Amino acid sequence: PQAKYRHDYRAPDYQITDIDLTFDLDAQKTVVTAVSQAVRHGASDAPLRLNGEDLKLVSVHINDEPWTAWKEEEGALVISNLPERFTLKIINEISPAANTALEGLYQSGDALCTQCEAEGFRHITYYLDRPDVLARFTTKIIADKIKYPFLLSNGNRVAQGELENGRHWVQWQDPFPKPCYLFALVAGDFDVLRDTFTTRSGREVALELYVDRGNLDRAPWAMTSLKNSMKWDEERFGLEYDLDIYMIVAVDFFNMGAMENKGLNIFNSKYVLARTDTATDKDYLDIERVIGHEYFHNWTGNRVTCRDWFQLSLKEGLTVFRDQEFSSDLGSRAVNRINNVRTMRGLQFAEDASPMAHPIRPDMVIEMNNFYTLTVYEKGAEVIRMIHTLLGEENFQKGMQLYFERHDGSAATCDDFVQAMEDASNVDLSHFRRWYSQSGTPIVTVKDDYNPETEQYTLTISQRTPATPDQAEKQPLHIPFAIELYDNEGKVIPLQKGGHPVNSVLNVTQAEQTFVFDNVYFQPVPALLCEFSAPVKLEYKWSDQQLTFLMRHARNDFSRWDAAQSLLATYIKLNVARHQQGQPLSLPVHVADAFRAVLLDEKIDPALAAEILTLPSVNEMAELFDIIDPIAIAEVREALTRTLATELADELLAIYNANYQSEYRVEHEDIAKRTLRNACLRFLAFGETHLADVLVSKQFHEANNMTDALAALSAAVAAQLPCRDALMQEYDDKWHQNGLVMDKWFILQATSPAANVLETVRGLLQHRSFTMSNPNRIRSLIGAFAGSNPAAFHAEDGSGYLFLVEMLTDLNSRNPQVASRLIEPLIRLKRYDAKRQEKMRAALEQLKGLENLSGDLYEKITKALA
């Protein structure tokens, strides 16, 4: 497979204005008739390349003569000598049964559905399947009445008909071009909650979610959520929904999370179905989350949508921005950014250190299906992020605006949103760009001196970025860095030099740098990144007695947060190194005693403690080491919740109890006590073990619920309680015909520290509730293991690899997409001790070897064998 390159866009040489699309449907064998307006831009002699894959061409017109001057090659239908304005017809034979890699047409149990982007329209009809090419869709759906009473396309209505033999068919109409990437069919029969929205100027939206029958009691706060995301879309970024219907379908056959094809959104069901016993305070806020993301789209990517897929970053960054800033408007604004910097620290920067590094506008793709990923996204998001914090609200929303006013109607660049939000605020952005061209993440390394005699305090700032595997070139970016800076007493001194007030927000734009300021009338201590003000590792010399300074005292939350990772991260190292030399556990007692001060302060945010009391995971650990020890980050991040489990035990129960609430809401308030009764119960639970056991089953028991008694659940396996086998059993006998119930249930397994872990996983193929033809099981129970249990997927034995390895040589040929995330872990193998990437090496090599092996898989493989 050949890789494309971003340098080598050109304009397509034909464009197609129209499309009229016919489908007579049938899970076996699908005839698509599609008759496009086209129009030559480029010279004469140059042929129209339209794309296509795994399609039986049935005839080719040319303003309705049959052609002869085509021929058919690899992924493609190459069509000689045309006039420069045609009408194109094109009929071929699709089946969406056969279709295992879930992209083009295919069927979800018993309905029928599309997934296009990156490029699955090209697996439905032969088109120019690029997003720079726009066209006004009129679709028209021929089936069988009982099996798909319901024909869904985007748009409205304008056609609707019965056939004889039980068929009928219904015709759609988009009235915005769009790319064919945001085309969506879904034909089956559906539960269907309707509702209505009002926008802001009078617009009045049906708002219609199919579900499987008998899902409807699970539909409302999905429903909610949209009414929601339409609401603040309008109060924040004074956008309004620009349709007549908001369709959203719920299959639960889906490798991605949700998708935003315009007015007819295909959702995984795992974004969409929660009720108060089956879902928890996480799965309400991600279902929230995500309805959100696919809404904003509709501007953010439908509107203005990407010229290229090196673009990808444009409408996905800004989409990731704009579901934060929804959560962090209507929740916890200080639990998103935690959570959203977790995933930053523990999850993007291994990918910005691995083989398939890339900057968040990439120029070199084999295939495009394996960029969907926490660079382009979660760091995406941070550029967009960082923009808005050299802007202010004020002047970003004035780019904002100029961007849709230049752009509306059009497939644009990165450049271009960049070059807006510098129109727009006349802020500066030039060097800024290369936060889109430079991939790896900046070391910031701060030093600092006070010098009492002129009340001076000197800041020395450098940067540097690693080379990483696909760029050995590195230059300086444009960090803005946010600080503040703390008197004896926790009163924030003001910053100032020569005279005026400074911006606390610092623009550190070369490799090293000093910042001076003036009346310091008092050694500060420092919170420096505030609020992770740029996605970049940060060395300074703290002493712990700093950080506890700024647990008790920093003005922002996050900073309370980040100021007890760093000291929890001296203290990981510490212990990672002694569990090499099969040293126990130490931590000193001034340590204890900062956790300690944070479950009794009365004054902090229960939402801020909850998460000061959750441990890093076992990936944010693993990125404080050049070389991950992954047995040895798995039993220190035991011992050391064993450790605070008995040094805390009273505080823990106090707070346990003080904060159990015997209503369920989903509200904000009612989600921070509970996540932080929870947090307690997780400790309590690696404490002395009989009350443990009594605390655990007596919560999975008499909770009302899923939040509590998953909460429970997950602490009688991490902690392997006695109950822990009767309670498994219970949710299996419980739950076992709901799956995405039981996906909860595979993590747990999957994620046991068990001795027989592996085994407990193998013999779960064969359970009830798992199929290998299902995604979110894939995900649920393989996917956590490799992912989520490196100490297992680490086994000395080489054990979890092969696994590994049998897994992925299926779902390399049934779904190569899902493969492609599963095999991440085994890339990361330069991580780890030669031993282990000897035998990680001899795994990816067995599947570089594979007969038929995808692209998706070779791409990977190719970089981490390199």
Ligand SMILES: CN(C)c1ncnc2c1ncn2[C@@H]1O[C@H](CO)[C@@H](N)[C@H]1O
The other form holds:
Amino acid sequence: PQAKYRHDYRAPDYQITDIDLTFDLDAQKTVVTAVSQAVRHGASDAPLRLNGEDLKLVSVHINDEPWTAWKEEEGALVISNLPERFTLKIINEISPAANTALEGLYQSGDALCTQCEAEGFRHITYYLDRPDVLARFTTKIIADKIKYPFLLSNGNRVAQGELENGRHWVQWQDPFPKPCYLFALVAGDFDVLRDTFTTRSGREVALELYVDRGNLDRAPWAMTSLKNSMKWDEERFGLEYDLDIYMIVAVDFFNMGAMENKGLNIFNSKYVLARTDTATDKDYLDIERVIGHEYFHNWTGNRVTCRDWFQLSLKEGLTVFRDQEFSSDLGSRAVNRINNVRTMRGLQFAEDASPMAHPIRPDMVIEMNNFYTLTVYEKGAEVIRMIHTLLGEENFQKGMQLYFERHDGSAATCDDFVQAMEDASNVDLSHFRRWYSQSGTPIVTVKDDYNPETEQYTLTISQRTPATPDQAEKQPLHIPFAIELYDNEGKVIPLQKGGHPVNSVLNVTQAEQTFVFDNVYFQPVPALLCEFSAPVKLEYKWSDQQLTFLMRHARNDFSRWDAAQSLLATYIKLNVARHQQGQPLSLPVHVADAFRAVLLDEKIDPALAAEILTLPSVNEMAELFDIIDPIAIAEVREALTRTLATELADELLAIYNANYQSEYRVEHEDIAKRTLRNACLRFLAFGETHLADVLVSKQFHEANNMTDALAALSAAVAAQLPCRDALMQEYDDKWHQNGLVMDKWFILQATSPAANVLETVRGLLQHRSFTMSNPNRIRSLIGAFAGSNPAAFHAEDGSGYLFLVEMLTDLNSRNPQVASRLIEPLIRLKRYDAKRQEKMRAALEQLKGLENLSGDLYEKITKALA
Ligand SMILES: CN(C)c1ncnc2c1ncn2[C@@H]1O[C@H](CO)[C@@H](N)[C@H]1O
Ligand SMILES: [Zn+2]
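Form deposited with this ligand bound structure, per the form solved without this ligand context:
Every component of the complex follows; first up is the chain already shown.
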């Protein structure tokens, strides 16, 4: 499989302007007729090169003449000797029932549905399957009326009919030109939740959420969230929906999350279906996020699309930024920022230190489905956020507005977007552009000096990015470095120099620089990289007391949390080293006291307290180390929990009880109280065994919502409480028929600290609720084991690696996209000790040798073994 390169982009030799599709739908044999209107832009002698995969070609006509000047080649239909302008007619057959990869037209249960991003449309017909070819679609769908009463495509219905032999048809037209990755088709029998949204200018939009029969009870929150998304995009960004109908279809079989097909989004049901007994607060807020995200793409992705796939972050960085801003405005901004930074530092930085490292605008791709990454998405969004930091809201929105004025109805590049921001704001983003081309995490080192003679405070700030596997050369970035200086009372010291204010966002643009501040009347405590102002590792020699000072006094809630993270990091590192020498946890009294103070502080937001009382995950902890010792990290996390449980027992139980809520509401203040209560319950579970067992079992049985029930169940498994096996069986007996609810239970099984977790997981391959045909079940059992139980995955006997190789050997053939997601923990081998590296390398070597190795896995495996 051959790599493609960004620098190789060239405008297409032919465009398509209009495509009329007819589907004669059948799960075993679907016939596609595609009539395209084409224009040659390149040389007269250049053939038309159409992409296609696993298609049975029936016929090729050019202006209704059966064509003889063509050939099929791997992946392609090459058509020669064409006029400058012509009508192409292709007829071909495809087989949805055989499509286990879930790419193209496939079956989800009894429904037929599509996934076309990135390159799935070529699995449906021969086409210019590249996102700089925009065309107007018309789609006619013919099917059995009893099996497929609903026949959906993008846009509005223009024609409908009934045929003999129980077939019917519907034809759709979408006026907006689109690249083919935004094509969608759905056929099936559904319950339908119908609502309306009226835009601020008065356009009434019909909203339609399509769910499997008997799931309407789980649909209102998704609808609520759609309307919220629409309203917010109007309020914040000034953008209105542009069509008459907005359709969402929830399907159970889906490799991604959800997909922004124009006017006909297709969602994994995990990101739609919720009711209070089936879904947690986090589920509710994730549905809100993903509903938002796909809606937001209607502008950032659909009305302006991507010139080529290397520009994916153009839509994904900006749409994730928008989803974050949406959640943050509606909810707790600080809890959002905290959890997005946890993702960045715990998951994204690992990718940027791995063999799959890439810039947010990649330069080299083998399989584009491998580049829907933490980097492109979440780091992408941090890059957008940095532009927002540099410009301010008002200039940022002027940039947005210039971007749409210039590029609406076209396919654009990341550079176009930056230029629009630069030109609208008059802020120079030339250096800033290097964030798009350079991979890896910058390390920002900060030293400080306070001169009492002159009342000056000096920060000496250096940067460097280490080389990564993909790039041997690195250069300094334009790093927006936000600070705040605090006096001995906790009050912010005004920043100034030579009699003038200085902006608190420092422009860290060199390898080394100094910043001098005047009229600093007291030695300050600095808050550095405020709100995570750039996606970098910060090196500052913090005292413990500077960090507890910030926890008490810092103005922004994020800074209070971040200071707690910096204080814990020192002691996580200390205790991992101790664990490797067989020595028990050591924690200063003053550290425990800082967490006690947070528990008893009446003035702190409970949302913030809960996050400070949520220890860094085993992933966030791994980021603190060059070489990862996953057993030490897991055991240190447990011991730290037990230590705090003991030291803070009385305070934890008081706050647990104080935050009891008898009514359940999906409302942010309520959520905050509940997160705090369950944060306390986690520590209590790791306390004295009898009290723990009582508290946890009672919460599980008495809960009136899934948040509380699952928090108890997860604590029983994490602390290996007596009640665990009863409660787990209880859950299975109640919920086994409900795959989305059972996913939570598979995750708890896979992430268990029990010694026999792998045996349990293997046995669960045969569980009544598990199936290898469903990506959500696969992720929830196998994925969670490999990725979220690094202590068991990395068992010294190598059993974890062997288990993953077995599963990958199936999935490589069945569903390469899911396989490539699941191989990630093995490609991290260079972070582990030699003995583990040797076992992981052997596992990788085994997979490299598979018959019919997918491109998706080939790419990762070859990088890993280099
Ligand atoms: C370790 N890997 C592959 C991932 N770990 C966690 N989240 C991921 C990962 N790969 C992609 N994502 C998320 O998928 C979403 C897009 O499908 C992005 N939001 C990205 O974070
Ligand atoms: Zn997206």
